[PDB]
Structure formats: structure tokens, C-alpha cells
Amino acid sequence: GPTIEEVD
Amino acid sequence: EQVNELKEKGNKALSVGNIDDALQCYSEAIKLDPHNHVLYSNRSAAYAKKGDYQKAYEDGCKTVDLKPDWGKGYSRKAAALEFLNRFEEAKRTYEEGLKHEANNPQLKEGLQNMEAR
Ligand code: NI
Ligand code: NI
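Note that the protein sequences, when read in sequence, are chains C and A.
Under PDB author numbering, think of the first position of the first sequence as 5, with each following residue one higher.
Under PDB author numbering, think of the first position of the second sequence as 2, with each following residue one higher.
To be clear, the hints were calculated from the coordinates, so they are not data collected in a lab.
Check each hint, because a few of them may be wrong.
Label pairs and their in silico Cβ distance ranges [as the list claims (entries may be wrong)]:
hint	chain 1	residue 1	chain 2	residue 2	range
1	C	12	A	89	14 to 20 Å
2	C	9	A	100	16 to 22 Å
3	C	5	A	33	15 to 21 Å
4	A	25	C	9	29 to 35 Å
5	A	18	C	7	30 to 36 Å
6	A	3	C	5	19 to 25 Å
Computed from the model, here is a short list of chain A residues facing chain C with C-beta under 8 Å [claimed, not checked]:
hint	residue
7	15
8	19
9	20
10	21
11	42
12	46
13	49
14	50
15	76
16	80
17	84
18	87
19	107
Beta carbons: idealized from backbone N, C-alpha and C, even for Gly.
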């Protein structure tokens, strides 16, 4: 599944 | 600083698994600073974690609209498209991002994944 990148 | 404050509050809520609280924090910050791409990118992430991929997509699109040179916005948009099973568009989004940040590893990986499906 797609990766949800960390928030900034 | 107030915007950063709300963003941090949102990041913390997200860190403890309170996604709805995170969305509320990011949305309040967005009201104060509607041109802040970081807020839309973070809200896109929260919506994706929640499983509302249409809203994750809308926020990823807004991130790209506001800051087209930022590769991560295309990753937000493209990830939402993948969840939405719109892979052709996801692939083109990674490609579009690479026209702005050619050496971005996440976009390169995304493109590679879409080219391997
Ligand atoms: Ni404006
Ligand atoms: Ni462009």
C-alpha cells in the first residue's frame, strides 16, 4: 500500500 | 507563532492517535493561514491515516497548488491517488513532481512503484 509520510 | 502552535498541537494529537483532534487543529490553523502548504500537507496525511482518501487527495492537490516546487506535496497527492486506485494519475503525479524536484527519493520511489505495477 502507499506510504503516508511523516508530518512536518 | 500561533499557526506553528496549532500545527504542533495537531502533530501531537496525531502522534497519540487522536486523528480527529489533529484534523481540527490543522483546519483551525488553515483558517488563520490559508496559504500555508505545510498545513494542507499535514492534514492530507491525517486524512490518509483516517482513511478518507478523497479529502487526503484534495489537500494534497492544494499543497501542490500552493507550493509547486515542493516534492512532498506531490507525494501527498500521489499517495491519495494510489489509495483511490487511480494509479495512472498517481504515476503522472510523481512525474509532475520530478519536473520540480528531480532528485527527490520519495518521488523516484513512487514512480518506480507505479512503473512496476
Ligand atoms: Ni489567497
Ligand atoms: Ni509544475
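Hints and how they fare:
Residue 12 of chain C and residue 89 of chain A have their C-beta atoms about 28 Å apart, which leaves the hinted 14 to 20 Å range violated. A C-beta distance of roughly 20 Å is found between residue 9 of chain C and residue 100 of chain A, which places it inside the suggested range of 16 to 22 Å. Look at residue 5 of chain C against residue 33 of chain A: about 33 Å separates their beta carbons, and that is not inside 15 to 21 Å. Separated by about 21 Å at the C-beta atoms, residue 25 of chain A and residue 9 of chain C break the suggested range of 29 to 35 Å.
Taking the beta carbon of each, residue 18 of chain A and residue 7 of chain C are about 18 Å apart, not inside 30 to 36 Å as hinted. At about 35 Å, the beta-carbon gap between residue 3 of chain A and residue 5 of chain C misses the expected band of 19 to 25 Å. Interface restraint check: residue 15 of chain A against chain C, minimum CB-CB distance 6 Å, threshold 8 Å, status holds. Residue-level restraint check for residue 19 of chain A is violated (minimum Cβ-Cβ distance to chain C is 13 Å; threshold 8 Å).
Annotation: residue 20 of chain A was flagged as interfacial toward chain C, and the flag is violated, the nearest CB pair being 11 Å apart, outside 8 Å. With a least beta-carbon distance of about 15 Å to chain C, the hint placing residue 21 of chain A at the interface is violated under the 8 Å criterion. Contact between residue 42 of chain A and chain C, as hinted, is supported at the beta carbon level, the nearest pair being about 7 Å apart and thus within 8 Å. Proximity of residue 46 of chain A to chain C holds as hinted, the smallest CB-CB distance being about 5 Å (cut-off 8 Å).
Residue-level restraint check for residue 49 of chain A holds (minimum Cβ-Cβ distance to chain C is 5 Å; threshold 8 Å). The restraint placing residue 50 of chain A at the interface with chain C holds, with a minimum CB-CB distance near 6 Å, inside the 8 Å limit. The restraint placing residue 76 of chain A at the interface with chain C holds, with a minimum CB-CB distance near 6 Å, inside the 8 Å limit. The criterion of a C-beta within 8 Å of any C-beta in chain C is met by residue 80 of chain A, whose closest approach is roughly 4 Å, and the hint holds.
Among the interface hints, the one on residue 84 of chain A holds; its C-beta lies about 6 Å from the nearest C-beta in chain C, closer than the 8 Å criterion. Residue-level restraint check for residue 87 of chain A is violated (minimum Cβ-Cβ distance to chain C is 11 Å; threshold 8 Å). At about 7 Å, the closest approach between the beta carbon of residue 107 of chain A and any beta carbon in chain C falls short of 8 Å, and the interface hint on this residue holds.
In summary, the numbered hints that this structure violates are 1, 3, 4, 5, 6, 8, 9, 10 and 18.
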